[PDB]
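Quick heads-up: it's one chain on its own, the form deposited without the partner chain, in structure tokens.
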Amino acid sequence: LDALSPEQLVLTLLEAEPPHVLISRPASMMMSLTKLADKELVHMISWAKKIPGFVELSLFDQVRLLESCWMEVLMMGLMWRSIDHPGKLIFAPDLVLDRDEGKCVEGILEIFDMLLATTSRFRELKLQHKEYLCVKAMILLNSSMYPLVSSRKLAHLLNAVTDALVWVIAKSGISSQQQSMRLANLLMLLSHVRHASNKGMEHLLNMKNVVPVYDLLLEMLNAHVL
């Protein structure tokens, strides 16, 4: 119970953060992104396994969640590292792209503008490092409805992370009306993260020399299962 306590939880999520990912480049932009995602997914699995209680859900829910949330989590990570640089998307240490470069590949410019607009909203709200840690965890736990309708366990976990975020916002010292307003503003942004995620998935599956992230993810998920 205590390992899920507001303060410990945030610190545990902190240490659980993924390492920097170097794409290491010897169609192409899409080849870079795809090779980057594949690499991040490996670390995303490790990250999820570090969230207190995640490993104690049925493997079925673990897989359900990971398969449903990956694109949202990657994008949430992207928005957070791009947060202080308007007009830019810091995908990785050797892959910084600005809005315009999104004109090369068709359909990508639209997605970039969604990510840049959602990122601008997090900057305006002045998203805190620990609010970000809670939100990203919530994105994983709230990615799939089915595993909730072990279900008892997922609901408990989702509430723990929410309590943690409510706690984080509380020590912000702001009024009670503002605390509710901030919680609501943060959670309403999840809809936009989900939205950019669906567009990214759609664009990815409408694609035809790049890396097969989804299938590689399923391989990782099976290994996670074995």
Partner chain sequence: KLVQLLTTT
Given for the second form:
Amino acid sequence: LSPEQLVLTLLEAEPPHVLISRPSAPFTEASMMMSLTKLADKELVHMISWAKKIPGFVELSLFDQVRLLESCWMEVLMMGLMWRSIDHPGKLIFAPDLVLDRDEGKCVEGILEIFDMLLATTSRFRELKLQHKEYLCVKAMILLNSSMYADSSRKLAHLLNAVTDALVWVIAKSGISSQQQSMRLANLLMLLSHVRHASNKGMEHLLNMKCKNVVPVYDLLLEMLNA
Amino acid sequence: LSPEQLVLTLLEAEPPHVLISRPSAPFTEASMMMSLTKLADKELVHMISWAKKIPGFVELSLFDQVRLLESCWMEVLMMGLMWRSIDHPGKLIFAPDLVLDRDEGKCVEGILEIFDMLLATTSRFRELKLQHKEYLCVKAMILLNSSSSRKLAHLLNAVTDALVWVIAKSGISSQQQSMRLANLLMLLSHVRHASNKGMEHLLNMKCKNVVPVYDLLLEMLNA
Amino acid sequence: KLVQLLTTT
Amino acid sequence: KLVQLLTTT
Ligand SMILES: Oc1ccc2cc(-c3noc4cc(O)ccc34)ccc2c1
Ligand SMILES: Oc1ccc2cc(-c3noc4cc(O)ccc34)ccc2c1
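Given the form deposited without the partner chain, state the structure of the form deposited with the partner chain bound.
Full assembly next; the chain just shown is listed first.
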């Protein structure tokens, strides 16, 4: 299975586009969090299916599969957010019928901070001209490299290695310099830290919200949160 | 300033190891929190001098220097720790005479988890056989990547270029140079995560009164 | 919920 | 104090 064929299977693993079915209208504090949690919940379902389509994922023990997703679900959502917003400076395209500015994130306390982290990192990927195929590998790497740590474990590293090798290949095909190729790989990988940082901040904020019973936490998003 | 000169400069800038003695008696919740915090406080002082020696750091606006350091101080401390513990599987060498065991992390609620990540990530570095020169570059990238703004980007590329030059000087195939670069950098996330759990824990321990949080250590904790 | 989706299609 | 160490020393 060459790097090219592995990337193709990730493309085929891409989840479907989601909409929250909200008639276009101004966002208030209740409707905004309501929309974000309702969408995160729908996407979580598709994330599980997406993960099982990554060659070898289903061959991991159930403990690993569960632990890897409980660990990275928020990062994969944000990484998907950044890809979709890449072509729209200033905006965060959570969904076609759920688009937010920085000013809209002001109505809700603690959110403007998170949006800024997401906008800055989206902006960063935008100046590097993140390519779709790169997006695919990176998003996969987030899943496989999320949680901190024999038969199953070796398969993970083997699987993570495979995706790493797929990202190198994609960069190799851009035809750029070898120095430029190495510089691009590092610039893309260094952003994983930023995605993880916003993730920790978003769950912290989401968790506080749950405790206040201000958001309609849905079954799936709920256990992914508690985990 | 060639990559090699940047490496050579980072090697000289390495701060001296802070010597702290392990308490006489077997650790208690407090004696451990006071050891760790005392050591961290002293190391922060050296870290700030260290950062001012990173080529071009002092050329950034004061505000950026403050944001980088407040954002990465714990990661840098942990990366230093992991490197000092690299040739001692199972152990975390916080200092020459303060060699904590994984089990000693029980006399403190919730610190074992943080210790496990550190040990986990350390083993990964051990497995990759991290080299002194790679380590110097990585630690500096942590600080420059916690991210005048354009001057920080060229600073990060400068260090990235150095890490790339160091790995290339190992002789592994070009393909394997890329793979090693990737494998080393993927670990940055883990360090950032541990930093997050570690700082949240620390702030918690401060609210509990379990240990006095010094002036500099408190500023950094709050950011 | 997570586990049942992991084991079904 | 952080600002002091960065600029004062
Ligand atoms: O595709 C998606 C769907 C939902 C998402 C929610 C957040 C988010 N960041 O910070 C928060 C804080 C909250 O209270 C609720 C949600 C969030 C970030 C990225 C997302 C991407
Ligand atoms: O060189 C150093 C010095 C102090 C350090 C403290 C922690 C640490 N991890 O989790 C914590 C929780 C606390 O409450 C206090 C300190 C910590 C981790 C790495 C370190 C490296």
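Positions refer to the first chain, counted from 1. Rigid core: the largest C-alpha set superposing within 1.5 Å between the two forms. Shifts are known only where both forms have a C-alpha.
Superposed on the core, the two forms barely differ at residue 14: its CA moves less than 2 Å between the two forms. Core-superposed comparison between the two forms: the CA of residue 202 stays below a 2 Å shift.
Comparing between the two forms on a rigid core frame, one finds that residue 172 has its C-alpha moved by 1.0 Å. A C-alpha shift of 0.5 Å is found for residue 61 between the two forms, based on superposition of the rigid core. Taking the core as reference, the Cα of residue 218 moves 6.6 angstrom between the two forms.
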